[PDB]
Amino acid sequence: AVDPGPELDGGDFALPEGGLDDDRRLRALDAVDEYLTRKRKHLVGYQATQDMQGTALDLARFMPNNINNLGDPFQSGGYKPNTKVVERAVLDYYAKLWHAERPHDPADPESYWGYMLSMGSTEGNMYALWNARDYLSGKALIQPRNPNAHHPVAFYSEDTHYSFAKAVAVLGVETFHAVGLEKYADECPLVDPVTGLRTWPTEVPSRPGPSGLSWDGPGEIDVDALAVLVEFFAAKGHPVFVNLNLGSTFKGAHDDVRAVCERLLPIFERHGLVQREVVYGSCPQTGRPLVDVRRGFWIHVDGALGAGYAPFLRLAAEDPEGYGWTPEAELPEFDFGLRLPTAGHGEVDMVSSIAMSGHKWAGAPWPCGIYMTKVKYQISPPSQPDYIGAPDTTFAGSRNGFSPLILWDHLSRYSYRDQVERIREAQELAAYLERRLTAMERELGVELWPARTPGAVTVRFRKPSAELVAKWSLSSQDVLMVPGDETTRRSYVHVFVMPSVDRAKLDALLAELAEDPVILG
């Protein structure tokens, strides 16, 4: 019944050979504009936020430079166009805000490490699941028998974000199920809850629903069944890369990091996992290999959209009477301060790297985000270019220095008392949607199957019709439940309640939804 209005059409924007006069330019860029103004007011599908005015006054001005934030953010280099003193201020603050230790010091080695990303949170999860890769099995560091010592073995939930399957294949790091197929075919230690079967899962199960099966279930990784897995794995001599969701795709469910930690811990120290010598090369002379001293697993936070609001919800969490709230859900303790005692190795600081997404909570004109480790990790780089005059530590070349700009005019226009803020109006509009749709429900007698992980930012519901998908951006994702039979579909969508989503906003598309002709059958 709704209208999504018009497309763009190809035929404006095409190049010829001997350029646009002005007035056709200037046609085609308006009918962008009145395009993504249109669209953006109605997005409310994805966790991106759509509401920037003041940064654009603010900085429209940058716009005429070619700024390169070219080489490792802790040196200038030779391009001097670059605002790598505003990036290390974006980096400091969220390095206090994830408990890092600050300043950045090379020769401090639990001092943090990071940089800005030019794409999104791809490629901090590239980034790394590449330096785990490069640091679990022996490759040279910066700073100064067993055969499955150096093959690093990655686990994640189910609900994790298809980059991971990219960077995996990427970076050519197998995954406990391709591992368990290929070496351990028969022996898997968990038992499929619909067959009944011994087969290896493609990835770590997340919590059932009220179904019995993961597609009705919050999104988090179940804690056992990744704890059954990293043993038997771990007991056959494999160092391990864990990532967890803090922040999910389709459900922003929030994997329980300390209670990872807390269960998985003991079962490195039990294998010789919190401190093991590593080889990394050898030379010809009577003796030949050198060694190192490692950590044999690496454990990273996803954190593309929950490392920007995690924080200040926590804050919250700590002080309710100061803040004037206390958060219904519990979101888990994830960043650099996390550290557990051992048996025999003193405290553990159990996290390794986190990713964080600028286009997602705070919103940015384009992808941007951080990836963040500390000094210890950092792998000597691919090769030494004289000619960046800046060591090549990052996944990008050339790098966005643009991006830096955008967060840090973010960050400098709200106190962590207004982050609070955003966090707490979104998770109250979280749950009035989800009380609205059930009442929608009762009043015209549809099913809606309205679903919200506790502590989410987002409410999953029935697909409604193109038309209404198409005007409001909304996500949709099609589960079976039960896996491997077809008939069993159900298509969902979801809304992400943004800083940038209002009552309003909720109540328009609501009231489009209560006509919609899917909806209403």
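Rigid core: the largest C-alpha set superposing within 1.5 Å between the two forms. Residue numbers count along the first chain shown, from 1. What changes on going to the form deposited in another entry:
- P385 is the only residue from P109, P385, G209, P193 whose Cα shifts by 2 Å or more between these two forms, the rigid core being superposed.
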The other form holds:
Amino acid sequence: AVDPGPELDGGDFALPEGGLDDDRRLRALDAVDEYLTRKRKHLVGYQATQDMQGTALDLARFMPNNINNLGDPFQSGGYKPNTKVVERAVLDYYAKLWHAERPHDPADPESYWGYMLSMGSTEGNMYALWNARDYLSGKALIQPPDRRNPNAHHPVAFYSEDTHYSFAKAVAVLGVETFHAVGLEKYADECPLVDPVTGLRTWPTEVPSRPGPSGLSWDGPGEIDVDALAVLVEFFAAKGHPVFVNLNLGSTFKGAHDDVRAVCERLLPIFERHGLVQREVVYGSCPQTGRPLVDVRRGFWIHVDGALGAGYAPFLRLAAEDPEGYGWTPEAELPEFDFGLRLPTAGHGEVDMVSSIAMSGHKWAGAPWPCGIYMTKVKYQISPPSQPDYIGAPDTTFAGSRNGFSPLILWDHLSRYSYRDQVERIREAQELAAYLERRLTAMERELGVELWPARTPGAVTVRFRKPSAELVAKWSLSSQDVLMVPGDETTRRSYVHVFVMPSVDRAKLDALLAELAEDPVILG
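Given the form deposited in one PDB entry, state the structure of the form deposited in another entry.
This part shows the chain on its own.
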């Protein structure tokens, strides 16, 4: 019978024609503050860091400015109250962190390009799939054949069943076809995978994730099944389709890390066998006698959805390579995932495997609103829509007006912490997630109750049985239902999770655990 506290009352905020006087205004803002303050100090169920504080002190002075980073980060524009100099410094930091080639240089196809997002990673995943759709479908690139094969400009998208819902939305928005939709449409009877529940060759809706003790993915780690991916990708690559793969680096519910290096090692030979490392691409034509114009491109695009994990994984991997220097050996290996991942081929030399990465600033770093980064390389940049106006190609971003306050937030954050400090943040979170799992299993033994605790090795989240609605509301626990046998509603379990972000300390977890021990749903 615990109290989450009162929610905000709509009548306090109704905006009348005549305006509100200063007393009613302050009362309403105080109510918002008291609400937000209580909720932020108890939030443990979402992958969003809640303590910034130094940031507010450093950056409140900028609130009077209508800052607008309209246009490309690397180009001057007319709207002078912008922070593009700060944006570039942040992008440069992450470029180095993710082993991209810097500085950005439009003359160097291998150098990075990216920009800070005005939404969260939803914007970065949309941009990634937009950029990949056009690149793989043969639209024109920024400056510096597909003969016969009718599938050459029909890209197929692959991602695991732990992929965030934003991807399904982005696929629908951009008209990108998933392997499931193309399989059902064109190849209805040819699914190369056997369903482990039914035994039938039915196209799964997403690439299977790895099984747990059950034999099915519901209690698995949440990592993509690399074997199954390879079977699916080979099938579609053999038919002549170009290939888009999204890999999750810190999945939404289980905090899993898809094994990016293993995926790439497994797929590269498939891409080489089916002519997808280098292929000539017809992009339109100009009318005379012979029609098409042609350039050379890769026929695959691997994107890393690092909304969460691109913020901490580089730091964990720093510790893994020098465990003595940082005083910490991480328990789990996190796979190589970034722009430095290169593999040798049979006959194209070393291939740099990853094409893009997104990250959310409001997840690991923390911010007062959604923000983040999309990064790729110059060689992937698409030519924007033409016009009789001139002056570079400033609009090569998803947003038009762009948030120039977000650069400040993340610049301020990154300036305050060294690499060593960032390693300690991921260390403390990893150790606290392990602690939480230990305490939950001890609770089961102390009380004689089932909590179903689960933690993927290397994840900063632990899942367990959903407690009462009031406890869930007090601590902002994110919920997920799973069916333990797909398509059977009698096997439903309700889970919550806790994300151990850097603002979650031992005291917080202990306070949650103590209420959990007396919760009426948990006690049963």
